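Apart from one protein chain that is not included, each protein chain of the complex appears where it belongs.
Per-chain residue numbering starts at 1, and chain names A, B and C are given in the order in which the chains are listed.
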Amino acid sequence: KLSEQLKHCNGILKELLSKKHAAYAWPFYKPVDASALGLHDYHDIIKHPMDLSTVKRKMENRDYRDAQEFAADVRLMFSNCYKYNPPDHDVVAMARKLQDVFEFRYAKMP
Amino acid sequence: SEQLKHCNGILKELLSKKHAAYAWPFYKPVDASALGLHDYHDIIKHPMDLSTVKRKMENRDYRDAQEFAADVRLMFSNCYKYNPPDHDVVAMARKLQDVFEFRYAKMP
Amino acid sequence: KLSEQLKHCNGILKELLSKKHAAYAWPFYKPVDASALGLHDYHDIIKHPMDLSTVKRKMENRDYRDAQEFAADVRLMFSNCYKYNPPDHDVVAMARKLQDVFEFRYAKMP
Partner (left out) sequence: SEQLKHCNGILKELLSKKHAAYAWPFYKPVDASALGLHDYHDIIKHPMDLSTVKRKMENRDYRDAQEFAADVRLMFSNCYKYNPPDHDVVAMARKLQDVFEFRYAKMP
């Protein structure tokens, strides 16, 4: 019923992680390494971080009831990025490109 | 309505002359009959557009910013759902959504 | 201070991740890749998975409110190991050795 939804959501997640979109997806593969980047205020501004490895773990853990919940985390990931950064920063451009793939594939599911 | 105040400012921003180049297909409902898109309402169960959002906003219908975001995203998802990716209107939806998602994510 | 006992919790996690314990801690660094190992029953038996990187990620994100919450997850990680496995499989021996490090350092906090 909605296990078919989550099966399609799993397919989206594979696409998002795939090599073809890697030039814009790579900054969302792992949690932002605030420490390495020298960002003292990242966890002050982003209360609930999110990234695709996390989304994958929750997928495998069956933590998502339905596709809305999947989509809420994926959008959280992008919004965090837009929230933290100025609009001229390369990571924002990249988030936009990857959200295009996501919004498209998520619109086409049953 | 503190959080909704900024949502109303976003709406205003989406309707402004500056984004009209790519915002205009979303001002009114899609005229499916006029375009001869006979399958539009078969595929799109819940049509959405900026004037409908504005109508809702003017009437104090949004409870919180999450309801407002849901309708705006509904508008874009509808566009993406119905259309092939090569179509200009999808390129325009994406350009308008970038404006929306950015301004939404800076909500105080 | 809850942040002072969370600082200590952090110290413990650093201890758990250190090289002295790598011989036994390594099966707990990442989540158990059930899908990759062909453990079709794993997620049926284990409703809430845990591992050290998931703890680290929750620490970093300030998801833990006190030390008792930190400890609950670490014990969940080990319980899951004990629940899914027979008592003679090596991963059980390794879990015990790592739990023995954890419980001791947890006991020593103010």
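In the analysis below, a residue touches a chain if its C-beta (ideal position, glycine included) is under 8 Å from a C-beta of that chain, and two chains touch if they have at least 3 such contacts.
K.L.:
If you put the missing chain back, which residues of chain C would it touch?
P.N.:
78-83, 87, 92, 96, 99-100, 103-104, 106-108
Everything that follows uses one rule, which is that only the chains that are shown with their structure count from here on.
K.L.:
How many angstrom between the C-alpha centroids of chain C and chain A?
P.N.:
26
K.L.:
Would you mind pulling out the distance in Å between where the CA atoms of chain A average out and where those of chain B do?
P.N.:
22
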